[PDB]
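Attaching a single structure in structure tokens format; questions to follow.
Missing here is one protein chain; the remaining ones are kept as they sit in the complex.
Naming follows writing order (A and B), and every chain is counted from residue 1.
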Amino acid sequence: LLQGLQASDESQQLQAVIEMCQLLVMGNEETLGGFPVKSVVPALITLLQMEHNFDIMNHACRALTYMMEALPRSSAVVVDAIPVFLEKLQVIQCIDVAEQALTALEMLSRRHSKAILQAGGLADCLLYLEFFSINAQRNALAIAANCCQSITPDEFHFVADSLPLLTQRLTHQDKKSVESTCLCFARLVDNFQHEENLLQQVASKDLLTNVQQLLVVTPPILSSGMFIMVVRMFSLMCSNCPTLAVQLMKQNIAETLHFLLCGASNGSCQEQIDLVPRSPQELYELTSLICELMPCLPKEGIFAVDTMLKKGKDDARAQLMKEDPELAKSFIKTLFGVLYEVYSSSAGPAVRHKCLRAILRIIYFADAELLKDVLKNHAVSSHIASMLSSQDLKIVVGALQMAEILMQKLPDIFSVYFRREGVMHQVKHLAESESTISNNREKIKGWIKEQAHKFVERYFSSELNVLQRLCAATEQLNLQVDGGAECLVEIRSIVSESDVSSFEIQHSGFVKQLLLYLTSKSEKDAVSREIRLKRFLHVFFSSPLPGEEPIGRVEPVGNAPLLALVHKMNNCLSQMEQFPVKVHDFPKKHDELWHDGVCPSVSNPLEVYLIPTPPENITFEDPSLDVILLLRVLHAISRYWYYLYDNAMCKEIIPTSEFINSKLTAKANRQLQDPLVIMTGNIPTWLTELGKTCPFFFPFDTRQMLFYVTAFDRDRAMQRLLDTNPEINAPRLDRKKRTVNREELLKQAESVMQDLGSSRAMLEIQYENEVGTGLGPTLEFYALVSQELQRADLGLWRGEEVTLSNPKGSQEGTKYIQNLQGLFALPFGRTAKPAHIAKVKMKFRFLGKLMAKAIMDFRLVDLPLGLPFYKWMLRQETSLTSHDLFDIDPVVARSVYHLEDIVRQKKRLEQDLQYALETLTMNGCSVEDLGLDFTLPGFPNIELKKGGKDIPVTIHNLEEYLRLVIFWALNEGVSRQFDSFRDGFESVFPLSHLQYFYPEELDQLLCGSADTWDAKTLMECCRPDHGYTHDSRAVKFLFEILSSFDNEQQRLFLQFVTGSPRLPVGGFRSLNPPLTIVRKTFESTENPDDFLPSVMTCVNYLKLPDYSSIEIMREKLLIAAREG
Amino acid sequence: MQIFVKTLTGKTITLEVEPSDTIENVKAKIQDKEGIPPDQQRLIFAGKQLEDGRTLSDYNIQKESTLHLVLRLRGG
Partner (left out) sequence: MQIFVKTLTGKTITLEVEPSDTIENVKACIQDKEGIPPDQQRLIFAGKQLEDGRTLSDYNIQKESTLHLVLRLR
């Protein structure tokens, strides 16, 4: 087809180019083998140069555009056409060749971005960039940022014309162009770091004003993978041109780095500075900015060993602290607290070098009256003591150097706060302790011991009212000393009000003398553990003394002492802590129940925690190991304290969220996210063993994310990781097919579960010959089977029986079971039929095989179970009291509470007889005035003991009866079901692995609560496009409607829009690809108020017509969604 | 109010419009003052093109906003 391009008739070449197009378009490299590119490209350029007829021009540039997609081995010849390509950009005659020539070069700039640049094409592509359409602009700005890369520094004259253009492109909003503008400058600065001459010309006053205003923009126009290389661009400026670093401090870099990290710049100096959740790669860069805005440190003096730590110039910044002393003040008085919080929170190896080293630079270059003003509300004193006592090299050395300089500049304050926080002792411990890469460590050890020896000799060879009071009142808590009540009222006054250190508590022996004060199990003590623990809770809870138990309930008032005790104990945990974070860095059995009526006794759970030794699943050696075991004892007394009393409420002392250790949280969250940990499975053994034994240190999201990694194979764990943090980039799994009826639901459900629990693969639900396949039916399956398992004809659950709307089409409804407090199982007596029973024990085997398979495939199940159902699942059934009857059967439990008042008034007057037992009238009604016999009230076919229905419950067996009610209703009558429920659960997946969780926090393991549905989250996560903006009329009308649904219209909307009726892991942000909102097309004769927003759920569009008002779109959505 | 319209030659004209007055009303005003057929009259404002149905208030045009004018030939 070659010589037709060589024709003399201009319409003949116009015909032959379209033959030459589709020869190369629909072919490929396999089919077009032998295509003579060596002649066609000089032909197409000659056809391109015929500038009079634009159609000869247009298809010629389309023909070269497609040749590289036909032959990637031909792109070496295409490079010759670049001046003629740019010739149509220099003087534009046909704009559809101009937008065509850009996409010809945007393919070339991946391999030949120098050849454009040597041809001067950087100024040419950006020249008429105001005119093109968006797909052509995104071509040229990606021709720009490719040509900004391989520049020899002699060639600045190419870029230098274009620089006020690209500095304006940081104000556009097209997100693939702004992230092609920022790629250009951050490839300039990486090539102009050796020349302060040009780097002062790259950085204008406007480049450092736009990029500064770019990062404050909420929602982030930049990605989180570009917010790095914007901020890292500032680093290779300031470490090679200090004048720009001066100029960044001139242009208010403080309110930038305050707003990026302290959240909203809310005017007030935040005491609890809230961190915006940033990655462990962004915080390494938002501090290597702050590390290079303060002057460099000397290499002689006390800093002289810093030549060795990295063995693994009249500064204008130094003039800036002189030439503008208020600019250093306004830098440091606000941006120090960032470096305070960022260092203390995270657990990076390399972040904690860099956040440390910028506190060296702030302290060493502040003067005396600045550090007195900055460090005034920052406990740096205790903070060094942790850094002093590390097992790392650089964190000890940098603690010494801050210990050196703080004593020099301020000895009138930091001599007090280096003895009352253990800085003196730990350095003195460093001086007196004795014992290439193997070389450098001992010289640092040689450096530290000498530097510690100089330090005490200079400052602490000279020579505590609170450590008096805490070494003394510790040893009135001895085992063999009757300290009375006031040996803790002192500690109620020491730990609450007066400032204590975390070195006084650490070494006045106060930790082990409260572990042993509460968990001592010998008769050699002066005071028994019953009397001690009730004195203890008289101090930290204001519960009554032994013998002062009043007539009413044990009435809590306020937990504020034990609240304060845990926090100061948890502060002492934080500083003493040394757990490693391995991150791979990249810088006939006589039934006395039935024959007699003898219940097994209430097993107090508290008696397993109150043990002084560690439990035998703790195998980690810790300097703070004694502080954990005080909290585990302090968590058990916070939670299970009502057992020690009688009428104490089911109202725990301190909520389990308060015990969350904010450093141990953060050291875990960074530990869980490393992918080389999980595929190899070598989780650090301090993490799991803390989780099971002390779950209360962690927030619920952590333990949940902890649970889905420890308990499974090399495959399902990593899939959980990608569901929550999608920025890594899903192993080989299996999904064996099944097929399910919509009307033979339950019987086929028990058939699929019967032979698909054994393998460790995923479950495939697919209806009987229906179009919708994928995650649509499977997450509808468990919402149907859970709709199925509350049928009143199955006879499984307690509670009332209510006919509901049944939107699923089952218009019979079968009178579904709904309880206000939750669904606990039904009691069976011994008078139940052996076929009525073994039918039920195939449902609770199924229900256990349901909820176990509900977890391994990450699904959810909507069963509003009662609270004491979960206690039976975590094996806490032996502890259930009359405060667990109230969360199952809220009519009986008013009778059981009002009859234990008779039982507690039985033992009141028995101690002081036979006539007084008859006078016990509950609202004028005695025991026989109820007329109750040994049958569970509400299940009269169930006799409690043998023939107890013939046995009237009287005052002489009421104590036996209220044990027998609560044992049958909560323990015995329900026991036959659960012995299969705990068996069916454990057929695949053991119930030990659920011990990370609690009773009241397994509801949120398989239900959820659903997610964010305000407009602010919708704005940051939806991507309006192809006709709509964030200020369009429909998108403003859409997002106001989505914040006014119930919890089912949200399920309706996602059913129609996304496909599945519930949001995936983490709000809208994890939708792949995210929610696109396109305006729907019509013609001129069509009113858009009479149409429906049809969609495509495979890539999640919402082709929304622009309805005229807000209520019309409100009505069309509910119609278009419910129509499946 | 009034807006600015550029072109590929460089001459900037000034229409007299309101937050109203849709594209075919005002790209006819191009032909009313430049004699250019609206078959090929592309309008570009901040990169995105201007389809025929929507207004100028729907495109968030402020006073003396700069947009552009572009001649296609027949293609799409």
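Criterion: a residue touches a chain if its C-beta (ideal position, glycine included) is under 8 Å from a C-beta of that chain, and two chains touch if they have at least 3 such contacts.
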- Taking the complete complex into account, which shown chains does the hidden chain touch? A, B
- Of A:66, A:132, A:418 or A:541, which one is in contact with the hidden chain? A:66
- Which is it among A:260, A:402 or A:1078 that touches the chain not included here? A:1078
- Of the listed residues A:9, A:29, A:274 or A:373, which contacts the missing chain in the full complex? A:29
- Message: List every residue of subunit A that touches the chain not included in the displayed model.
- Response: 18, 21-22, 25-30, 59, 62, 66, 69, 134-135, 138, 1026-1027, 1078-1081, 1094, 1096, 1098-1099, 1101, 1103
- Query: Where does subunit B touch the missing chain, residue by residue?
  - Reply: 49, 51, 76
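By our rule, only the chains that are shown with their structure count from here on.
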- Note on the structure: So, in whole Å, the Cα centroid of subunit A is separated from that of subunit B by 49
